[PDB]
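Engineer: Next come the chains, spelled out residue by residue.
Number of protein chains: 2
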Amino acid sequence: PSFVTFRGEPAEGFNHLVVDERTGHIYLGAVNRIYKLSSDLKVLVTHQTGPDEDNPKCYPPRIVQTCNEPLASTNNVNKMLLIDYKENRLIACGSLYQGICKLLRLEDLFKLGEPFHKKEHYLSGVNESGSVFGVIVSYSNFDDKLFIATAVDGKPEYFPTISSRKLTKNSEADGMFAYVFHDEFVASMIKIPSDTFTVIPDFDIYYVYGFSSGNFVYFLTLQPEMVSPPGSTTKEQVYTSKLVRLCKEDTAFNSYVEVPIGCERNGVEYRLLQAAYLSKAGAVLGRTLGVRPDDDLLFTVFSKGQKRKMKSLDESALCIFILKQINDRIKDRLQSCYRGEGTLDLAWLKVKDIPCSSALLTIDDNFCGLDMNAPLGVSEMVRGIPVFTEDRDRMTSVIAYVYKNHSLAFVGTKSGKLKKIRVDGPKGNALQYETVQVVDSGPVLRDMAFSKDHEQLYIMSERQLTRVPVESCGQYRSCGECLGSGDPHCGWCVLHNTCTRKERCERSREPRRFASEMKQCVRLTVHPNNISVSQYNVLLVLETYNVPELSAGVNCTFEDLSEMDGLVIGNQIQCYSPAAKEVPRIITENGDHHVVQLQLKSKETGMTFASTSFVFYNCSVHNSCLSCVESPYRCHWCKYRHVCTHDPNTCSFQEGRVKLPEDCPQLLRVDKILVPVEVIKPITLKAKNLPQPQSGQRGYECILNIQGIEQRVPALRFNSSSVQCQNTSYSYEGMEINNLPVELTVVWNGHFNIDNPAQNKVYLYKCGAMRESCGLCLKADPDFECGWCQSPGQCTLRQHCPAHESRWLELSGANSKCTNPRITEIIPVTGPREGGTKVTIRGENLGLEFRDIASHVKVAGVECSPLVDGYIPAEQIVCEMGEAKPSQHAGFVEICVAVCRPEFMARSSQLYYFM
Amino acid sequence: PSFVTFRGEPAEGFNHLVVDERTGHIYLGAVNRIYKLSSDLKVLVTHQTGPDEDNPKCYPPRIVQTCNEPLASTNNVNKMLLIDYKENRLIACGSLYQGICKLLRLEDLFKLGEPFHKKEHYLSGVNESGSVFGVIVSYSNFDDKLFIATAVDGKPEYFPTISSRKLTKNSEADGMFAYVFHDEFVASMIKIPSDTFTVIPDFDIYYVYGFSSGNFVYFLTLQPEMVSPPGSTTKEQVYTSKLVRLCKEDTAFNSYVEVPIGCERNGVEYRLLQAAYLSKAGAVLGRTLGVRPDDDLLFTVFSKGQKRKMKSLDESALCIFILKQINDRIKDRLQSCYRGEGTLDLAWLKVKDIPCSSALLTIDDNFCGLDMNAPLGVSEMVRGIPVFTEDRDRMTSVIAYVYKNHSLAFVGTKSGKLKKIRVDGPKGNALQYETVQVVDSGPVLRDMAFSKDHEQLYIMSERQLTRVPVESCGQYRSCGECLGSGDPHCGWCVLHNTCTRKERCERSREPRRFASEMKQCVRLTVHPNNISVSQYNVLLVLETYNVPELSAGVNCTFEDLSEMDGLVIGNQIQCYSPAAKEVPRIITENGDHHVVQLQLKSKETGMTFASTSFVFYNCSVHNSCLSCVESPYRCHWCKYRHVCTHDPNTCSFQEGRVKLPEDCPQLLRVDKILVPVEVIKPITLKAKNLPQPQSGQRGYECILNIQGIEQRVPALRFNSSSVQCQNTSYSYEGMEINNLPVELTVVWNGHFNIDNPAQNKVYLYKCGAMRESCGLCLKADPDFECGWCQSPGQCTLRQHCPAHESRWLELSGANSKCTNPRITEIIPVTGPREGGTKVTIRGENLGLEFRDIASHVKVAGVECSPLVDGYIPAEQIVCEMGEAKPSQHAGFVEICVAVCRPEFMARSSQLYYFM
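Quick note, the sequences are listed as chains A and A', same order. A prime marks a further copy of an entry chain. In case it helps, PDB author numbering puts the first sequence at residues 37 to 951. In case it helps, PDB author numbering puts the second sequence at residues 37 to 951.
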C-alpha cells in the first residue's frame, strides 16, 4: 500500500501545517504559498503570498515610506499559522514585510485583510521559519485576544518578543494587532532591553512551541548565554531552553514566569527543545502517573548539550512533564519570592538585580502576579522524565494521543521516519513500530498533527505532507503474528479473522470475541494427535482456549484436502477423521509420516484461525521388521503374517507380535566371511530370532549379489540363531580385482528377506591377482592360506594347485627362502668416488628382514652399508656407499638376499657410475 | 403609378360619358364629336357630329326651309347621350339643329338615322350642355318609349320642356320622337305657358339628372323665380331646385308632381342641385337607414343659396334622400289634395290657382293621377340628410356603390379631385381618402360612372376622361398602415402580406386569414424581451394575437441577420435565440445595447409580418463598476474578478457581487485639493467601498495626469473609505499659469482604475505667476499661505523662501503696510481751474481700505476728495478735485497710502494740466 501524499505543490518549498477540527481540511503554510488541502491531501486551493520586492533593513516597509536601500525580489516565509474558527478565517503571519500578518478566509482562502500601516502591524524582521509561535484565544464579544512570541534580531526598539495583541472582528479595521492594554508606563508586551543587547550582541528569543492550558499560555523558548555559560566578554553563544507562562487575564504582564527546562540520561545533558506537544494521558498513563482525568501532560524533544541551535546534535531525547508538576514548581517558586528570599534573577530582562519583597498572601495556582516582585525568573531548572533516546537518528517532532486509554506517542526523525511509541512507565514496556511513510532521504517538521477523526497523522517534511495512518494492524495476517507485534493498538478480531483495534472489532465487547494476548488465540490441542492411515472416521476431541462463542458453527479442516463437520459439547469440539479413501491421497509419497496442520474453519467468518500439529502415520507400507519397529513411529510387526500394522490384533497371534527392534529377525556379524573362488565351502552364519517357517512356507536360501553371477544356494536354519549355506563354489569373471566384497541377502519362503543391519558381506578373493612373485604371496597373511606354487609359476591355495611333489610352498613362519630378487631402478645414478652417497634401490622380491639384507648390498666390489629406518621391506633399500677409490669407475649393483646364492642374487639393469 | 386616361381626342372639347353594361366600352359625348373607347380608355372610334352651318334663330333649320338669317359654321354640342341596348345603338342627341337627335350604331358608331323633317324631330334650340337629361325605358314590342326634359329658351310654342316620346325600331322611320299619345285636347307632353313667359321673361327649366325607379321616372330640376323670391316685377332671377316624377304608364301626363328640394346645415341653405346619383345602400347603410334590400337611395350635391345657376358658389353639400321618404312625401301630398284642402299651387304651369277637389279614393303609391286636381305642385320643401360639406372646394359630381355592404360614395370637386367617402351615419365615421387622378388645375363633370365590373370609376373632365380605380389598398405596405388608413375597403391579407378587399383575399373567409382591425395584426410579444449577449440559444416564447393558422410553418428572424426555426404548441410559438457566434456580429459597435426588430417570417408567404422590440444587452464590455451597474441596463459587477457580467454566479463569490451603484468603489470629494509646486505634501483622500486587494493583487497608487510630467506615487488604503498618496512634490514646466487643475486617477493592482464620478482633480498652484507686487499677494486668500518675501523681490510660501531674517511678510490680517504704490495712468488729463472734475486714477499697488486713501490724494497742492462707490481697491481711485485757483497751472498727482511715507508715496508719470 502507498501512503497518500501531497508533494510540495510548490515543489520549491514547505513550513507549517494545521488541521481544522470540524472539516478535516488541512492548511499548509509555506514560503510564498499557503495551501488548503482535503483530508486525502488533494489540493483544494493555493494562495500566492510570495515573492515581494523588499529589504529587511528598511523599517516601515516600502509601502509606507521610501527606503534608501535597494530592494530585491525576496521570498516571504510563513512564520506562523493559526486557525481562528470563530472568525471563520486563518491568520497566516508572514515575514519580509517587517512581518506583516495576513488573514485568509477559511473556505476559499480569500484575503480578508492584511494590516500594514501602523507599527503594531509589523511583527518582526526575522526571516526564519518556526522561530515564532503563539495561541489564539477567544471568548464571546467584549472578551478576547492573540498571544505571540517572536525573535527580534536585535530590533529591540521596533518589536516586542512577546506580546498580547488585539484581534478585531473586521480585517479591514485599523485596530488589529494592537496591544490589549497600552499605558505610557506599562503595556501588554515585553521588550528586550537595549542594555542587554550591548552586553551580549546577538541575544534573541526563539519560540518553538506554544499552547493554552486551563487559563494560561505557555511557551517553550530558546535564549542566549546570560550567566550561562559564564563569560566576561562576548565570544561563543550557547542556549538555555526554558518554559514561559502568562495568565490569560493579565493585561499588565505581571504574571510572566521563566524556568529553565531539560532532562538528563545517565549523566548526559539534554538542554535544547526541538518540539513539544500538549496532550492527555488517557486512563492508562494517568493512573500510574497519579493524575485526574482533566490533568494535562507535555511531551517534548530535546537535543544533547547547549550547542548550535542552528544545527543541533543527533543525540536527542523524548522527555515528559506533568503540568501539575510544573504548576507546582511555579507555585513553589512564587511562595518563595513572597518569603522575601533572594532576587528575581532574570538576566536578560533586568540587568540590575532587584530583590524579592516579602508579603502576606495566599499563594494559589490562580495567582496572576502583582506590582512588586514583578516579572521574575527561576533558579532550579525543572527536570523531566525521560522516555526514549535516539543516538543514531535525531528526533525532530512529536505528537501523542489517547487510544483505548493506552497512550500512543509519535516521533519524527531526521531520517523522515515516524516512531509509534506506547509509553509504559506507568504501564510497562517501549517502542512498538517505525515507519517511513515519509521521505526516505532527509527529515520531518514539528508541525505534526493528528486528524480530527484521529485515523491518520499528517507528517510534514520540507518537501511533502504525508498522511500516515495511526494504527495499521491489518498488516497482520494471523492471531499469532497480530498479538506478536505488540504495538498496543492491535487485537485479533476472532470471528472476522483480522487484526485491528477494539473500536474496529464489531461486538468485541462480548466474550472471547476479541483477543488481546497470544494465549487468547489461540491455543489448540487434539487428543488423538496421531492417527494411523489404516483407521477411518476416528473420533477426535478438540481443546481450545481463548476463543469466542463458536455456537455459530465450526468445521474441521485437516488441510485444503478435506473438511468434516463437528458438534460441540462441554468445552470441547468433536470432529471425525477422514475416510481411508480420503486419507491416503495425502499420505502417498510422504512415506513414513506426514504432519498436517489441522485447522478450524469458523462458520461465521469462513477463515481458518487455529491450528495444531496432526500426524498421519501408514504402517502398512513398511516392507520389513526393521523399518516397521526400528523406524520413528509406533508400528507393530507381525512375524508370521510378515506385515506391518498399527493394530496388535491384526497380527497372526499373540506370540507373533514385534514391539521391539531387538526381537525382530536379523543377522549378527562374525569374523569376516572369506570366500575363495572355485572352492567348495560352507558359510556358517549367526543371527537372532530367526522364524520357524509356518505352514505354506518354504525354507532358507542364501543369495549372493554378484554382478557377474548371482548364486542361489539353499540353507538350513538350525535354530533361532544360526544358519548355513550348503557346500558350493563361487566365481566372478574378470580377474580384475583380488578382493571383491559382495552383498548377500538371506531369504526364506522365496521373497522374505531377513534384515541385515550391519549389512554383512561376503568377500570373494582370488589368490594373487595382485602378486606375480613368490615373495609377495608369502608376505601376505597366513590367514588367507594362499601360497606360492612352484610348477605353475603362480600362487594359489593347496586346494588349487596339484601336488606332483609333496610340496607347494608356503611361508611356514617366514622360514622360507624365495626367490628371484629383481632390481627395477635406483636413484642417484652417479656418485662421488669418495663415497658417502645414499643409494636408494627399489626392487620387487627382496628379503623380509633387514638383518639379511645388511651386508648383502654391494656396488661392484665396493661395500655398501644399508640404513635401517630408510629400509622398506622387500620394496626398497637405502644404502650408504663406502670409499670408492678402486679402479672400476663404473659398476653394477648387487643384492644378495641372505647369501649370494645363484638363485638368490639380483643385479642392476643399469650400472652405477662413479665420477 | 399613373392613371390610365384619354385626353380630349379632340383636344378641343368634352360633355357626357356612359358605360355599356355588358362590354365595358365607354362612350363619350362631346362637342362635334362622339367617341367609343375601350375599358382602358384607348380610342376605339371617333364620330364627327360637328361643325355645321346653322343659326339658332331659324326655325325649321336650313335643311327643311330657307332662313332669312345668315348662317355661320357653329359647334354642335352633345346635349344628351343614352344607351339603347335593345336597339343595339346609342341615342346621341345634339343641338344646333333645333336639337335634332342622332342614332349611332353600338359597335361601330354607324349612323343608323337622324330624323330632321318633322317638328317633333326638333328637341330644343338650347346650346347648353347638360341642361338636358332623360331615361330610355323599354319593354318587349307593343310596350315601350323615351322621357326627356330640356330647356326652352323662351321657345314655348316650338318645344315642350318635358315629353313622352316614341322610339321606333327603324331609325329611318318618320315616326321617331313622336308623342306617345297625341290628342287635340291633351298630349303626352308638358309645354310652358305663354302667359308665364310674359310675366317672367327668362323662365326656363333646366334638367340636371334623371332616373327610372320602380315604375316611375324622376328628374332633378332647376327653375326660376315664381313667388320665390317674391317680386312685383322682373328684376333678378333666383332658382329653386325641385324633384319631378311621372308614372311610366301615364300617357295623359296626369301624374306630374313637383316638390322643392334642398337641405340645411347649421342655418346655411343649400338649394341648388349640381348632380345626383340613384343607388343601393347595401346591408350596412340599409339596416340603420331602416330599409328593405330593394329600396333605393338618392345621393345629391347642392350649392349654397338660390343664386347664379350659371356660376354657382363654392360652398356645397352632399345630402341624401331615401326614396321611401320621398314617396311618402308625395303620397302624403296626394292624400291631402284628395282631402280638398288648399290649391294645387304650381306657379309656372297654372297662373290662375285652381282648387283641389275632394274625393273618395284609396291613395296608394301606385296612384297614377286623375283628370281632376290634375298636375299639382308642392308646399313643403323636402329636406335631405346632410353628409359632407366642402367650403373651400365645391363638389361637382357624385356616384356611389355597394362594396361588401359598406357604402362608398364618390365626389368630384372643382379642383379635379375625387373623394372616397364611406357614409356612416347608419354606421359611424366620415371621408376616407382623396385623389387627384384627374386634372390638377380646374374641374370634374356630373357624368361619372363606375365600370360594369366596378373595378374603376371613369372620371370626366372638360379635357379628359380618367380611369380612377375604386379601392387601391395595395398602396399600403404593412398591416399597421393598411388598417391605419381606415378607408373601409382595405384589409390585411395576412398570408399574402398585402392590403386589399375581402373579395381579393383568397380564402379570407377562413379564420384569422384576413385582418379588419389593427388588433388583428397584428400584436406580438416575446417573453424574454431582453437577452444578454453572452447567452446562446435561449428559449423564447412568442404570443401573437389576431393571426391566421400558422400550421404552414413559421420562422423567427431577428433581422436580416439571422433566422431560426420554430415549433408551435398551444397558442404560442417557440424559437431560439441566435448563437454567441452570431449575436456579437450585430452587437459590435452598438455598445450599451441594441434594440432589434424581431420579426416573424411566414412559410407560405415568405414575408415578415409581425414585429416586436427585442433587446440585446452585452454586459462584458463594460470596463468599470459605474458603467456596469450605473448604466441603463441590468448588469452585475464582480468586485473581485473586476469584470461585468449578466450572471450572478460568474462573480467570484457571493460577497463580491455589485447590484447597486452606491456599493461600487468610488472616490468621494473633500475640500479642494490644493497642491503647491515643489513642496513635499501628502494628499489625503476619502472614498467608499474600496476593495481589499486579493491574492495576486497589488496595492494602490495615485496617478497624476500632468502633461509635462505624470507622477506615479504609491498610496496606502487605510480602510474602505480613505486613501493617501505618500509625501512627494509635484511640478509642471512653463510657469505659464498659476492655477492648473489636473486630473488624477487612483489605481490599484496596476491597471484597475477606481471610478471618479465627481472627477475630482488636484490643483497645482505656483505662488505668484500672477503677482509681481507685494500688495497683490497679501490681497490673495489667507488660505494659500502664499506671502511676499522681501529679499527675493518675489512672493512664495515660507517653505519656499529662506529666512535670513526672522520674517518673510504675510498680511497678518491686513495689518501689513506694503509697499511701493505706482500710478500707471489717469483719465481726464486736463481739467478746469475751478475744479469739480472727477479724476480717475489707475494704479497697481494701492491701499486696501478706502479710509486710508481718503485724504491721501492730492493734485500738486490741491486737495482732492475721493469717492467711495467709484473706488475699486488697490486698482483704481476716483477722486474729485477741489478749487484750483492756485498759481501752478500744471501739477503731478500724488497718492499717499496711509501716510506720506517715503516708501509709501506714488507720483504720476505725466502731470495733470489745469486750463
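Among these hints, one or two may not hold up.
Since the list gives no way to pick one copy over another, a pair counts as held whenever it fits inside one copy or between any two copies.
[Stated by the list, open to error] For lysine-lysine, the following PhoX-like pairs were computed, each having C-alpha atoms within a straight-line distance of at most 25 angstroms: (1) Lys345 to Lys205; (2) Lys722 to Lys155; (3) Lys205 to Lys722; (4) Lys154 to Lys722; (5) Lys555 to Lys78; (6) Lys227 to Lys202; (7) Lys154 to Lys724; (8) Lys93 to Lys538; (9) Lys202 to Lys463; (10) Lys122 to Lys488; (11) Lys724 to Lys147.
If you are wondering where the hints come from, they were derived from the structure by calculation, not from laboratory data.
Engineer: For each hint given before, does the structure comply? Return the numbers of the non-compliant ones in rising order.
Structural biologist: 1, 5, 8 and 9
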